[PDB]
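K.L.:
Now for the letters of each chain:
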Amino acid sequence: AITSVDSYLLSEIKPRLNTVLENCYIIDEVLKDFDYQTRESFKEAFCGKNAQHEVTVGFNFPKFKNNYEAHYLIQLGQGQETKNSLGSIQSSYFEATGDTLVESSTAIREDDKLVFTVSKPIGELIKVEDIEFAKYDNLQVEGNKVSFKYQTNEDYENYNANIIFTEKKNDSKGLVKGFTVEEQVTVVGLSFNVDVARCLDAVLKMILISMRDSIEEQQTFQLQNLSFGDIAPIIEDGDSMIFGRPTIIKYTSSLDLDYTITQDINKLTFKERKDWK
Amino acid sequence: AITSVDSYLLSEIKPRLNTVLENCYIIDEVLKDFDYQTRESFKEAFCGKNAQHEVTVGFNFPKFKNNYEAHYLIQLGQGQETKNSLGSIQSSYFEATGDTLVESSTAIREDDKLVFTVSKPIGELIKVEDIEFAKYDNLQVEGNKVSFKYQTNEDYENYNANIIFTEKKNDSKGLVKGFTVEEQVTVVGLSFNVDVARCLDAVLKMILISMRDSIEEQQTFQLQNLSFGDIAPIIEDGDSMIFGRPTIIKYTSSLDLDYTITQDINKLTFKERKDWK
Amino acid sequence: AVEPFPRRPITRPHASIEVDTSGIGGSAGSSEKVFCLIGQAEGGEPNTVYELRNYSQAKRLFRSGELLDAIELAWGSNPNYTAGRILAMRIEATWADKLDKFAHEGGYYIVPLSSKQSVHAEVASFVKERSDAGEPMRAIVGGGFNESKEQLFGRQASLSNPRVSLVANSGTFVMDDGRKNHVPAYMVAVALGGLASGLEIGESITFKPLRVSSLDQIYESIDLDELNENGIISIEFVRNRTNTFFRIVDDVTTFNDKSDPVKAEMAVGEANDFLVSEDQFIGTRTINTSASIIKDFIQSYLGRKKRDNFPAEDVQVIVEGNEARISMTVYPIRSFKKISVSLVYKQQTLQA
Amino acid sequence: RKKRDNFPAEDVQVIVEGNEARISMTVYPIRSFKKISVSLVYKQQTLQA
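Residue numbers (the working numbering), protein chains in the order written: chain A, 1 to 277; chain B, 1 to 277; chain C, 1 to 352; chain D, 1 to 49.
Chain A with its partners taken away, still in its complex shape:
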């Protein structure tokens, strides 16, 4: 589809940043290389549930005064289309199929079948966690239900699995048209304290490494690549300098549209028409 790396990053960094900063030993492991006093000061200031200081995230032109003790600025950069397919045909499909999902689900007993139930109608199922079925298991999917033969499998009547699938829009024929784009977003950890800046750098690098295994960039925002500027004053004429070290995050993804085709041929009918010449 059409996608926006800035919205992806903003949506993804915030929970990850929260979950790291609520978890002291992670920071203690991230900041193991830094000086003891730097580490302890940052941990006591920003880290753990008692921490009163907090780190904030937002876009680059707010009208209000931001946090400047510790803030992450996300800033949509340049981008360029890099590789084209013949005819722009990126793919083609017999069913309009949306995002991929992962859900936790459990087996439940219908008197003929175990069923795993999914929040949405399933367009295709990719995995049931640590199950490989045989034909005897009579694996079948229908709507929002994944169904699985009970008769041998009562020992798994409440087995807990993660379902990897993708939603269905509708059963229709179509083509997916567009090209790959190589695109950048700059991020900078603003702080009026240089050592805070350097910690926010380390924390953001850790977060961005961890994001490489997330399904979002794994499917779509592939080939994450990181570059870093010097640490420098962003603003140098207040009562104190505001410092930051920019990092640039580059991605590859496909911009494309679902081009449906309503034409199809249902039947071939053969005639012989005779020419007397």
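Simulated from the structure, these hints should not be mistaken for laboratory data. A virtual CB, placed ideally from N, CA and C, is assigned to each residue, including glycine. There are no misleading hints in this set.
For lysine-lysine, the following BS3-like pairs were computed, each having C-alpha atoms within a straight-line distance of at most 27 Å:
no.: 1; chain 1: B; residue 1: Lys120; chain 2: A; residue 2: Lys43
no.: 2; chain 1: B; residue 1: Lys274; chain 2: C; residue 2: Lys337
no.: 3; chain 1: B; residue 1: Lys277; chain 2: C; residue 2: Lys306
no.: 4; chain 1: B; residue 1: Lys205; chain 2: B; residue 2: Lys49
no.: 5; chain 1: B; residue 1: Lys267; chain 2: A; residue 2: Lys127
no.: 6; chain 1: A; residue 1: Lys173; chain 2: A; residue 2: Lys267
no.: 7; chain 1: B; residue 1: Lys250; chain 2: B; residue 2: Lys14
no.: 8; chain 1: B; residue 1: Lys271; chain 2: A; residue 2: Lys135
no.: 9; chain 1: C; residue 1: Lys305; chain 2: A; residue 2: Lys135
Covered stretches of chain C, as calculated for chain A (at least 3 residues, CB under 8 Å):
no.: 10; region: 288 to 300
no.: 11; region: 313 to 326
Add chains B, C and D to chain A, keeping to what the hints say.
P.N.:
Chains B, C and D only, in chain A's frame:
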């Protein structure tokens, strides 16, 4: 792990700079190429235990007035990720294993074994200095103790050795994920005296050569590379010019995380379920 | 176990021999399907289970009674098969306390020599109590001298159990004394139990003959189908030939279900009661795994083995809680009940 | 090279100390048997003719 070349350099230069400057004949050897008067003046000013002038090190935005007779400024530069592994899998391990260490240790007699004792629990041992053991020596490591058969070896009951090893965090399965980064730090020897600047240049080049054999960059901050700017005025509108010659130090290292996996398969159990078709 | 020689340990200088006998042990095969009877007799000591090995011994212990006629039929229906052991007990009302005595006598089929439905229910309960234990059993029962189809259906429904079969027909057997002995249908059940005991493990009594002189009732094809579908065994008088004979239509069971052969058909139930069922590599040798690579590994292994000596569609893998269960499908030997022939008439150009 | 013309790496120990290197080989002397342990396995074999 996550690492910071600026903290490494600051932590490493200071002791090395002290130990050179406390040792006159080293400077006399370093400055052998310079003019006699330059050499003698610098030696009398800054060098040997009687010296009253001193050379200082710090980061680039202090709020106080630095030393300007002789100072080393350390300044975190640009960097870029350069090489990736497939899947980002940099390595994988069956035991979470920390820094490498070197310690001095001595044999001590238990009534069955000589033992070398180490400050920390040992995750792996790499060397015992100038010992190659046979199977007959029954070399075994356990916790913080390296143990070594006594029965033939009473002639070495107090042998003095250097132990090269690495600490253990815990016995757990996991993977190490990330990429190599190519990264720069600029250093400049500030002085209001040009000849002092040129000596601080020579001394820093010597220190940086000597650091190439240190275990820190040998393991992790590999491929040290040096570039140098012109000698120029840094500040030109005081009562005197402050001069410096910048050098840029470039390194290669891995930024990576310990991704542990709790999943493992302990047992395989085989069933035959019979199909009457 | 491995035997030490000497048995006593020794510490002074000596030799000792350890003998592995385990490469020679045998007799691990099955029991035979010993047959069991309970009923009236003279002479024998009541409520004592006797092993019998030939009819002379039977007439020596038991006399002058229907149990000895039963033993006769039990060896007379199968003259072209092994005349195996029989277990029999004179019973002089509850029958469970007597049936308990068979509990540790190793016999697989039982028939009570009675048509009373209480008896049949007791026997079914006993067969259940044994077969849910480590020692499987089955029973066969029959009606009186002539019962209607609706009576037989009512009886089967009341006695509907996956280890009991009802036989409908009754008739006349020529005994070895020459007597034309008219008998109730439960003696025909004794005859079928004898045949089933004589047949191999997981052979089936369908389309086997019955050496009977006449039947009290002859059922036409629709009645044979009715009884078969209701899980009642019936005997066909084969009339399509000058060599007429009597044929056991099927080995159906009073529990009838299309969804499970093992409970519907006696022979496959017996096979399941007698069938026999038949390498590890541990995750420390690898950094991480999944059911997909477990499946592909075990497929590569069994591919190598079957090349030296299995379909990927027929192995299932589940991993749970550090444990992986690998489940193969396997195919047991059944017996044909249907043959479908498609006959196509073509025509051909000859030329000369 | 010598044993090719005429030793296991697991059976030589080296210690270097104070400009001196001691190389220590293991060697195996001739003892005399005090124990004999016989494991006797009965197999069986199919003959055919």
